Amino acid sequence: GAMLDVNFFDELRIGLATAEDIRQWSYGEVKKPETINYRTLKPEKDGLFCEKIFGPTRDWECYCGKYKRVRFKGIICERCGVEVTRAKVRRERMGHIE
Amino acid sequence: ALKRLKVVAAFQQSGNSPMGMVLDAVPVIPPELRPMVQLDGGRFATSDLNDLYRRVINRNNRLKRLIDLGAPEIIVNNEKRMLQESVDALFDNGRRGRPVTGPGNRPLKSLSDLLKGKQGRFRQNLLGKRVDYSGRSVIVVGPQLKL
Amino acid sequence: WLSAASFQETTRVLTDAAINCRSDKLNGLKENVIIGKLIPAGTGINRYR
Amino acid sequence: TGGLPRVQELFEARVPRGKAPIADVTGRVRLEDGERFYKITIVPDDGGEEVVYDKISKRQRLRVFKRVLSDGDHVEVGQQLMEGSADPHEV
Amino acid sequence: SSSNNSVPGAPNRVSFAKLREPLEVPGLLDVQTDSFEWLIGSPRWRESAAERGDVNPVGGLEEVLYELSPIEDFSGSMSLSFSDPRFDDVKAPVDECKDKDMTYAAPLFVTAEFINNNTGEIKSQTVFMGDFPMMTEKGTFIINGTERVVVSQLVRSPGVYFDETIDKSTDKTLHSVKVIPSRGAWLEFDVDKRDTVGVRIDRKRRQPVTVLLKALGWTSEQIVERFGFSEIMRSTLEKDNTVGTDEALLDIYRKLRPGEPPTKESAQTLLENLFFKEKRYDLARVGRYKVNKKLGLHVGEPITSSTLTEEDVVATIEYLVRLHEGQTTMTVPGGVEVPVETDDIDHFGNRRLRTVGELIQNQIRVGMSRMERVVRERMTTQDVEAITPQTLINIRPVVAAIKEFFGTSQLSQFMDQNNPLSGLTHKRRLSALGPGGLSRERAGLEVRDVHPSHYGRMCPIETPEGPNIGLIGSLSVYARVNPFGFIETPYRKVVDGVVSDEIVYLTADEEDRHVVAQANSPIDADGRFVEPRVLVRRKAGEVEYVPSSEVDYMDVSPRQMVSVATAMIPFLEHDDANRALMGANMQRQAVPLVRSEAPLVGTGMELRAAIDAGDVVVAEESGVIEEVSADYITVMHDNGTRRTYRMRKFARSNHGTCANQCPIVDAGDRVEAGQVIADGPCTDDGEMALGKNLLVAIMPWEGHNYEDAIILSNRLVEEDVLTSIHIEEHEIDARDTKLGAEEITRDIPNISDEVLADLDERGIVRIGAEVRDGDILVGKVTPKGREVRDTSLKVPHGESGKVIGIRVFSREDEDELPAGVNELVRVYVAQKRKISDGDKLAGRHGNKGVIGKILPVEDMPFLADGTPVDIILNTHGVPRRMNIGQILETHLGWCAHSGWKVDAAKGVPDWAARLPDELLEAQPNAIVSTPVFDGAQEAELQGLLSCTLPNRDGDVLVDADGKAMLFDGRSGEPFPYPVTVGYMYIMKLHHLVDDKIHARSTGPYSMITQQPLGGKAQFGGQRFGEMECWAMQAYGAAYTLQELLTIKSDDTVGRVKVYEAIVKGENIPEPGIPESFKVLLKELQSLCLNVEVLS
Amino acid sequence: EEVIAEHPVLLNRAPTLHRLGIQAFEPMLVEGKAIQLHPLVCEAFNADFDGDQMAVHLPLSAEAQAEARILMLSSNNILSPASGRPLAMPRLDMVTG
Amino acid sequence: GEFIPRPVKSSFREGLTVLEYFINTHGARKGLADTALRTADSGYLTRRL
DNA sequence: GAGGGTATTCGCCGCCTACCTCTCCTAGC
DNA sequence: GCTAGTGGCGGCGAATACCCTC
RNA sequence: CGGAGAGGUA
Ligand SMILES: O=C(N[C@H](Cc1ccccc1)C(=O)Nc1ccccc1N1CCS(=O)(=O)CC1)c1ccccc1F
Ligand SMILES: [Mg+2]
Ligand SMILES: [Zn+2]
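As you go down the protein sequences, you meet chains A, H, R, F, W, Y and C in turn.
Quick note on numbering: the entry's author numbering labels position 49 of the first sequence as 47, and the sequence is numbered without any gaps.
Numbering-wise, the entry's author numbering comes out as the position in the second sequence, counting from 1, plus 291.
Numbering-wise, the entry's author numbering comes out as the position in the third sequence, counting from 1, plus 1219.
Letter by letter, the fourth sequence follows residues 1025 to 1090, 1097 to 1121 in the entry's author numbering.
Letter by letter, the fifth sequence follows residues 20 to 804, 824 to 1133 in the entry's author numbering.
Numbering-wise, the entry's author numbering comes out as the position in the sixth sequence, counting from 1, plus 487.
Numbering-wise, the entry's author numbering comes out as the position in the seventh sequence, counting from 1, plus 828.
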């Protein structure tokens, strides 16, 4: 209805969620039980913290590092595949398990 | 029949199918709502949600491996049962069977424990908050003051 | 269902609300407190504000 | 109950505990005396039907209203026969 | 007339007591020391047990090793065993361990023997079992540099317990029994409302007792011969609807292990392994002894077994049926007669004490069981003729168990070190809650009550005030614990109504069979009782008058029931229970002061309390002091040897206080063994001194002492009467970091050279430098990428003082630093705190309050000679709270300070007939003692008040009523009526207002939900809970509540906009959606719920 | 000194059993670290002076200040909302005098 | 809760004996525990109301 | 066999608010 | 240093397990 | 500042 949240709320509706809804919310699938690497302290790919699913961990930076400036705004990297945006996005994006 | 009709009418009046009770996919909460911190020295203290998601993923992956590779009915059924139990523990830990406990023999927190109780989401964060521009100290008596 | 879930028995209330597909009209003190809106009482009433 | 538990049970609309039966039709009563039970029969003035309470334990006393309740005594529609707390649901 | 004559150099404190003490107070740290030296099997314990129970002397470790060994595999062709545990010297001394953050421990070795049954070869080795933490001489452990105290636990003893209940729905008396083992499986019997006896193994369905009886092999003839006299048994044999030993075994197997083949052999094996395994079921020695005593099975045989038996079960069932059939005696075949009755579960004869040694033994036992599993597994997958004891034993689980116990246990607790009394009472503490005890919330009102069996074993006064009320108690003065773990207490035997001097220790169950008189029973210079009838105590809290020839025992003192802290309250019997409890609790919160002074009026339980606590220095051997200094004392013993004692100066306690020791001997004085040679934190000449003597007035004054507030003079600040020293500890470390090599140096970028004035060349402040909030303590830079940032150590908000010491550990000097750190500099800053408004004072009688005001000396009420009063207490708090012992203490304190002389020109006055000689005269500032229950009377107090010495000029300022005529310091007019003045003992509590003031405008926020952090140390915000929201909604204040909930807590953009608006002249903007609602929506979606916001 | 002039401040003591557990006052700077409370509001707060502590909150916006100054001012709440009896009246030492 | 047939004839001005103090302490601690339980029980009722 | 009652029995829910100090955080190759 | 995994108690309602005729 | 435990204040 009101996307994230915007004033002029009218109602708050609840219901059962289908598999289609779950896959629509998802930005990607999680298929490795890896959280974080200890040698580099960076998220593991396809893990519970993968940056290609949940978004960058730094403002306007990619996992590979090809783009690290505000100019490369809104473009998905062609090497790492992480969309270049702000780091607060990790509080909003959800994955899913097939 | 009164109770059966209560539930059946609940599912009939609305435009909602009853097929939502069986799950073909599991959502994963955003990482910033289940952060993992590091203790003095550089050793991580993993959250409880991460452990449950990890167990679910392990069991699902090994079940998929067994299914693809081909195996007798018994092993596939056992893996399916263990996956069922893992997802049940993730959603509501301790409801059925022994709780999935971590180190120290203490039950892990589930997605259903973030909302319930005196320390749950509602009563601890939405009905009450911590605020700025606030202080505290001991009170003494001032007779000279006015009302 | 928000006021009921914030009072007691969160799991049962939530499952019943999900099954019945209940819609919550945010007309109440506790609900407006939860969503951060002016309560419909005192100085938050239309004739006063 | 006689304090905070009494207040809680009043506000929770529970059965009092020491429930005291209350009449439901005006008429005379044929009180019976026995061990571990009393038979209180309501004989209405109209006489359409007779109600009876036989499970009343002898531990509870008989309320005094207007003299103690006795056989062949007329009672009100909402009179409390025994001594105790009547449940809010019957009234 | 004096108090003590045993301690050599004790002050002469004269007592009002009229009773002689047959017995001296025991060592007050004996429980912990004895329990631990039993565990390690020290020679001292060996001798102590030999002079009594020499039949079976074995320590805890030896017992565990005997229990565990031998370890044999299934085939039985090989075995392993352990014996003779041994200890080496401690690796490092106690002070070294405390300084270097080590653990005080000693290596432990055991002898392992490996025997092969088919070859006859024996291979023996000495295997190292890991370092074993060792208790110090003061009853504490040093674990990772922190002193800890292991607390004794009150637990329900193993045994068999019978109880009775009256059912609600029907009128019946239903009986039950429970056989509670030590690490075993429960077993229950009961008779239900259908007059049928049954069984309930663990938490399964009920079964008739006949089923089990036949499963044991009995038949109808056997069961009927013995049982059957009870109608219930003969009725249960009819409706069982089953018969046959194999059938009963199969039924039991079905009930125990559903879904498995019900075979007779499997059922028998499972049952015999459940209740007769000797490894899965155990009663211990206490359990076996208690079961034998209750059922009267074995009276001569020793306690050599620890498992159940058929005779025990049949005796239990017979006992149950006889109890249910209203009988009062029985005689099981081959046993002595015993009465049948129910058991009170809270009786002190039924619940025992697990001391430190027993808890450590349990942990060692579980660790060794894990090691045994490992060794048994490893014994079947290894080649023969190549296995040696060292190749089979894995020590990791044992050391892990010891680490876990001493680090993360509920009974191993951070020691309390406000003052010596706090620690002494912490070591003598009994707690009912722990791993195997009660719950702080679920516990009911009947487990928290005072029981008649507590008399002389647990103090009824000293307990917490919060949710732990009644769950934590303190051991009594004369009590001790016997080998089985039951608390004892001494009694003085009397024969034919003549009190003898022969002390015997009795447990509660033993004591319940006799009647014991009070210590305050008149005597006629010998044991004979003066009066013909005596008031005595009986079984269940009952007192009766009995002829003097029927008395069995007698208390050793009228203070047998109180504890150490409660025995230091003068005029205790004049105070109500609540205020006495408060005073006993609050004596343990006093802070050490710069200078100490002992009370004018005490009780005598202060010299021994100070000596036994251990914070004073005592001369071990006689000699002559050779050299005395502020740092050490040297004693020249008679035999030519010397010993030097080092004084710990300006040390820091676990609670930030100061622990400074001062010598009290001269350079030529001669000392005696056991004499106090130096003072401690709260000690004055070897006596506890927790406060100061102050001249008090008991009037209300202008509303400044309104509602428990206090008024103080300014002399107490000018003369540093109530000043204290507090010490803080700050530390920082330099790690390797993934970025690399963060360093401590004085080169910090973008900092003025003035800000770096106090730092030395290394980069740390200089000793003796004054530090204020925000000041640099250790300059450090970390390479966040030059990019080196500043991550130096600062002084927290509201903290200041003088730097008095620095300790730096550098890896370059081969220091035992943790992994990944190079430097671990520590900084100590101390500050003297004077008394100020908001600080908490208190007397010994439960009177407390914060300092409302501090007045100039020029405007305090003063006596006719011009003496201001130091403190003013309000009149309206005394009579309502039923603590009138403070007024009596005030009167006696004035009498002691002023001095007196009874004018016995023509015989002593009748009120001084029983007053001890040496108490008919005193000099100014005389120290006296009034024991807790045998002290000064009211008539004696009146007499002393009526005869006191004049002041310097020769005038008596306080009349016979204890009241003086004061002047008004502000107007100079005399007050219309006389006021009550005197001296009482005031203590300064560790509740200073400097540690409680906190304010905030903005700071850290939590990450999951963007709300302010909570905590003074975190610079957190004050919580606005649900009830405050209810109050705001009741006021009708909508905008205030909205702003509090949105822009002050978690409106991420609203916060910054509000700050900008305020720092400019603009007005506050409107709020927005808080972040917690979004977090809730995300969690609900994660629960697979389709939540949407419609518009 | 001039910034805090006529800026109301809310004081609260837990537990907040009824409405008068929160009230607004006019701050005035004092020397020390303890808060000085009027003797006539102790009954409303249920506060004695044996060690109690209180929390302070600052209203920011114009509406919040108006509410704190009109609705919640201590001198405007003299009577008990439950029964109407006065709560800010003399007690103890004042009654004796 | 029932009264004992034996009274405490001493007052706190005179000082209770050791057997008249034991029972007094029993009663006092019982009252304190009851007060704690009552304060825990009243808040739940207030929240429900 | 088949309707009419059971008739306990077992599982789940609930159990005041606010603050302060201190210690520990997985085992195995 | 890296990888893997037999001390709470009341209230309420649904559910088995149990007859009771019938 | 994430969690667990222990102790204390009103
Ligand atoms: O009763 C007295 N003192 C007894 C003294 C006593 C203490 C410990 C052991 C044995 C005796 C008492 O404290 N009992 C006791 C202690 C704790 C809990 C219950 C009990 N009781 C009460 C008297 S009870 O009903 O018979 C049976 C249970 C007493 C003496 C003098 C004057 C008046 C008195 F009420
Ligand atoms: Mg108070
Ligand atoms: Zn890239």
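Some hints could be false.
DSS-like mimics (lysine-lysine), calculated; alpha carbons at most 25 Å apart, straight line [claimed, not checked]:
1. W:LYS803 / A:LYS86
2. R:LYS1244 / H:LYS297
3. H:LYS407 / R:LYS1244
4. W:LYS939 / W:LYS1001
5. W:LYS832 / W:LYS1054
6. A:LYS66 / A:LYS50
7. W:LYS558 / F:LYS1043
8. W:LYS1095 / A:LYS86
9. F:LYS1043 / F:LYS1063
10. W:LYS1120 / A:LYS30
11. H:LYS355 / A:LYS50
Just so you know, these hints were derived from the structure itself, not from any lab.
Quiz item: Which hint numbers does the structure go against, in order from smallest to largest?
Solution: Violated: hint 7 alone.
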